[PDB]
Amino acid sequence: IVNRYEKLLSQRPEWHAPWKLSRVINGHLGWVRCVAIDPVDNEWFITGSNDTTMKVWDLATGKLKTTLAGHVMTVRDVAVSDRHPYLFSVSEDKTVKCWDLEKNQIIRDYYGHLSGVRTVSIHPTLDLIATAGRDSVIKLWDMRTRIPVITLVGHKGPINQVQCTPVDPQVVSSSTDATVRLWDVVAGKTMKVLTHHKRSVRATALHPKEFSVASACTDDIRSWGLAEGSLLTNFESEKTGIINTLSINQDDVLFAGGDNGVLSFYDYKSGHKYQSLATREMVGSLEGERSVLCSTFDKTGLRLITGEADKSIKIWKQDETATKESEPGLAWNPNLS
Amino acid sequence: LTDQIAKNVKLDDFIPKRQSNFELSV
RNA sequence: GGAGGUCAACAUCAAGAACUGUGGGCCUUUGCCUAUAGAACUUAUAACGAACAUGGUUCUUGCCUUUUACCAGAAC
Ligand SMILES: [Mg+2]
Numbered sequence: 111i112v113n114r115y116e117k118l119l120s121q122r123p124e125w126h127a128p129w130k131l132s133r134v135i136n137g138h139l140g141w142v143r144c145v146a147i148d149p150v151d152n153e154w155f156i157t158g159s160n161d162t163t164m165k166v167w168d169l170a171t172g173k174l175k176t177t178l179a180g181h182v183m184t185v186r187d188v189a190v191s192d193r194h195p196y197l198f199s200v201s202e203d204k205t206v207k208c209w210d211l212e213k214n215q216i217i218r219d220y221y222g223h224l225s226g227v228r229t230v231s232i233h234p235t236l237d238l239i240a241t242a243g244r245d246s247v248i249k250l251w252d253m254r255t256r257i258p259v260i261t262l263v264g265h266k267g268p269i270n271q272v273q274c275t276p277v278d279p280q281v282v283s284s285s286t287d288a289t290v291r292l293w294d295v296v297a298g299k300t301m302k303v304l305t306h307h308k309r310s311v312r313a314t315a316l317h318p319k320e321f322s323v324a325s326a327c328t329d330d331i332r333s334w335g336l337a338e339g340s341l342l343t344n345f346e347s348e349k350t351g352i353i354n355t356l357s358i359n360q361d362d363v364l365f366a367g368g369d370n371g372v373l374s375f376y377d378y379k380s381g382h383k384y385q386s387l388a389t390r391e392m393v394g395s396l397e398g399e400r401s402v403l404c405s406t407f408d409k410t411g412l413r414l415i416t417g418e419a420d421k422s423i424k425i426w427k428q429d430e431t432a433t434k435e436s437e438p439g440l441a442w443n444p445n446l447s
Numbered sequence: 030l031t032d033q034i035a036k037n038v039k040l041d042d043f044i045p046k047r048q049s050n051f052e053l054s055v
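Going down the list, the sequences are from chains O and P.
Under the authors' numbering, the first residue of the first sequence carries the number 111, and numbering increases by one thereafter.
Under the authors' numbering, the first residue of the second sequence carries the number 30, and numbering increases by one thereafter.
These are calculated hints, taken from the structure and not from any lab test.
Keep in mind that a hint or two might mislead.
What the hints assert, rightly or not - Quick list of in silico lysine to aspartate or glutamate cross-link-like pairs, EDC-like style, CA-CA up to 16 Å: (1) P:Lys46 x O:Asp278; (2) P:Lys46 x O:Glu320; (3) O:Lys299 x O:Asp278; (4) O:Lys117 x P:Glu52; (5) O:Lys130 x O:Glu437.
Please construct the entire structure, taking both the sequences and the accompanying hints into account.
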């Protein structure tokens, strides 16, 4: 098996630059559960909360534009549409609510989940919604007629994170039974199963280019090729548990938010971890409240936005000095698995 | 008879493919 | 072949004050410019209805133990 270990010593992967802390934005009353960014102009955020609201923050200066109320309970997920001026928010109240960005009033309510719905993802080309939650089923909603067109029977437990892809498998799903399924929706059954995770897969992210996915677990962040469904790579992780979210820059940088408050940055190609940071909790907070609930990159990918459990949004910027003087991180030493 | 017993599982599913060559393009 | 029918089907009826076809020129089909022919029905104290109901969501109220049923304004 050593031949593989030599083949890990030839590459010397992929230098990148570190990250640092540009800006701190308070202003939520409760926790920040979810964050999404305007896919076109990059001019703002939509941030869920634990206070039921949604507060639309300006990306440029960080000022607060507007407040979108209307959920009775905490908002687990928010997703903004590309081709549409629509905003689909979803909560623990068992409802997926549409939002017309133009006039800022609820348009449609989609009905028929048994219990809280923790993920919405907007299929790129079909005018569909994909919702999922403690139902343990994935519902493909027809955006126009509010008809739960397709239901995907599936994982043996709740469904944490769901994504959409234009070609085959059009829905990737991740559940607390510690599997990740690659779905074929037209026939309505699993195309491929990926079991390699040992515990709940709490987050996924789609690489904007290579047509792959990064899947998470407690201590091990893996990657997966879509299409064939192979494993692609691994990412070197000592115990980071727990991984709340992942985000993939367009430069092939793979972010990992910790529940220990550590921000684990990776290269996507290699699996190498070139940086790990630690956030400052807050003025009056508790050391338990330091963690990262969600995160995203803008359309460019030169800034990072992380909602934290301390009731604050933080904006992490990529250092411009860097280069070879001293960037170098942990420097690519891998222990035998 | 080795073929029959575990016939489903096999090793190469455990091993990651990108570690051979990075930049292998999907 | 004319008159009709308390007959049917298929079109069309809210918009750059607005329709459609065609001739010619430029870009490279779209689109812009130019020329020409025909425009039923509905519209300016604005609309097919010289009339006039109900429902859904979201807010503001009003009754006020709670829910249907409700009180009277708004937006969609
Ligand atoms: Mg009761």
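Given the hinted pair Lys299 of chain O and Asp278 of chain O, is their Cα-Cα distance within 16 Å? holds, 12 Å
CA of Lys130 of chain O to CA of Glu437 of chain O, is that 16 Å or under? holds, 12 Å
When you check the alpha-carbon spacing of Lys46 of chain P and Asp278 of chain O, does it fall within 16 Å? violated, 21 Å
Just to be careful, I want the Cα atoms of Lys46 of chain P and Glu320 of chain O compared with a cutoff of 16 Å; is the pair within it? holds, 15 Å
Take a quick look at whether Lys117 of chain O and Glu52 of chain P sit within 16 Å of each other, Cα to Cα. holds, 13 Å
In the structure shown, a violation is registered for the earlier hint numbered 1 alone.
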